[PDB]
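Chemist: As a plain string of letters, each chain reads:
There are 2 protein chains.
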Amino acid sequence: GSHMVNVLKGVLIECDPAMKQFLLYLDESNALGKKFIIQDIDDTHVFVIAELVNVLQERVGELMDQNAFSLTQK
Amino acid sequence: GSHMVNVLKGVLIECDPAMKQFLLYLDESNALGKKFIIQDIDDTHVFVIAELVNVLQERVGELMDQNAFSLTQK
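As given, the protein sequences belong to chains B and A, one line each in that order. Just so it is clear: in the first sequence, position 40 is 40 by the entry's author numbering, and no numbers are missing. Just so it is clear: in the second sequence, position 66 is 66 by the entry's author numbering, and no numbers are missing.
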């Protein structure tokens, strides 16, 4: 490679570094069928595209029981 | 203690901090009349919002001859 240049448009999110670790865990699982974390920025940051962040919103809120993700029949 | 929580929408940049350094000076100079660089996402990452990325585009494109950010009408 030449050098790291990642410039893109979407939603930038940070809160805490523990947060980072769950986004990774969720990317591992890919429970939402979307790869939300495009690049993670300086430890505590996650870059997710605005177009699909809505899946994260539901994951953050509803994942306690489950979020509505069943397109096996729809 | 504290920690930062920043969730934001716009354009994320990643490049070596050379860009950051002109950017901070330029932010400092406020030549573009807006705060383009919203948050320094620590040392290397820069965040600039898409609303005024256009301003940055012209800054990049036109700066060779002149960056005319002074528009009384044009």
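Be careful, since some hints might not be right.
No copy labels: a pair is met if it fits in one copy or bridges any two.
Simulated pairs of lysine to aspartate or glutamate, EDC-like, Cα-Cα distance not exceeding 16 angstroms [unchecked claim]:
no.	residue 1	residue 2
1	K34	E58
2	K34	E51
3	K20	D42
4	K74	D43
5	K74	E62
6	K9	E28
7	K35	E51
8	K74	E58
9	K9	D40
10	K9	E51
11	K74	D40
12	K35	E58
13	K74	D16
Since the hints were made in silico from the structure, they are not lab data.
Chemist: For every hint, state whether the structure bears it out.
Modeler: Verification of the hints:
When the C-alpha separation of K34 and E58 is checked against a cutoff of 16 angstroms, the pair qualifies only within one copy, where the shortest distance is 13 angstroms, while the shortest distance between copies is 34 angstroms. Within a single copy, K34 and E51 get their C-alpha atoms as close as 10 angstroms, which meets the 16 angstroms cut-off; across copies the closest is 26 angstroms, which misses it. Proximity of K20 to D42 under the C-alpha cut-off of 16 angstroms is found in both arrangements, the shortest distances being 10 angstroms within a copy and 15 angstroms between copies. In this assembly of identical chains, the alpha carbons of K74 and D43 never lie at most 16 angstroms apart, being 35 angstroms within a copy and 43 angstroms across copies at closest.
In this homomeric assembly, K74 and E62 come within 16 angstroms of each other (Cα to Cα) only inside a single copy, at 14 angstroms, whereas the closest approach across copies is 50 angstroms. In the homo-oligomer, the alpha carbons of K9 and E28 never lie at most 16 angstroms apart, since the shortest distance is 22 angstroms inside one protomer and 24 angstroms across protomers. In this homomeric assembly, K35 and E51 come within 16 angstroms of each other (Cα to Cα) only inside a single copy, at 11 angstroms, whereas the closest approach across copies is 25 angstroms. Taking the shortest Cα distances, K74 and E58 sit within 16 angstroms of each other inside one copy (13 angstroms), while across copies they are farther apart (45 angstroms).
For the homomeric pair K9 and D40, the shortest alpha-carbon distances inside one copy (13 angstroms) and between copies (15 angstroms) are both at most 16 angstroms. In this assembly of identical chains, the alpha carbons of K9 and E51 lie at most 16 angstroms apart whether taken from the same copy (10 angstroms) or from different copies (11 angstroms). In the homo-oligomer, the alpha carbons of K74 and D40 never lie at most 16 angstroms apart, since the shortest distance is 31 angstroms inside one protomer and 40 angstroms across protomers. For the identical chains of this complex, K35 and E58 are intra-copy neighbours only, at 15 angstroms inside a copy versus 32 angstroms across copies, given an alpha-carbon limit of 16 angstroms.
In this assembly of identical chains, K74 and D16 lie within 16 angstroms of each other by CA distance neither inside one copy nor across copies; the values are 34 angstroms within and 45 angstroms between.
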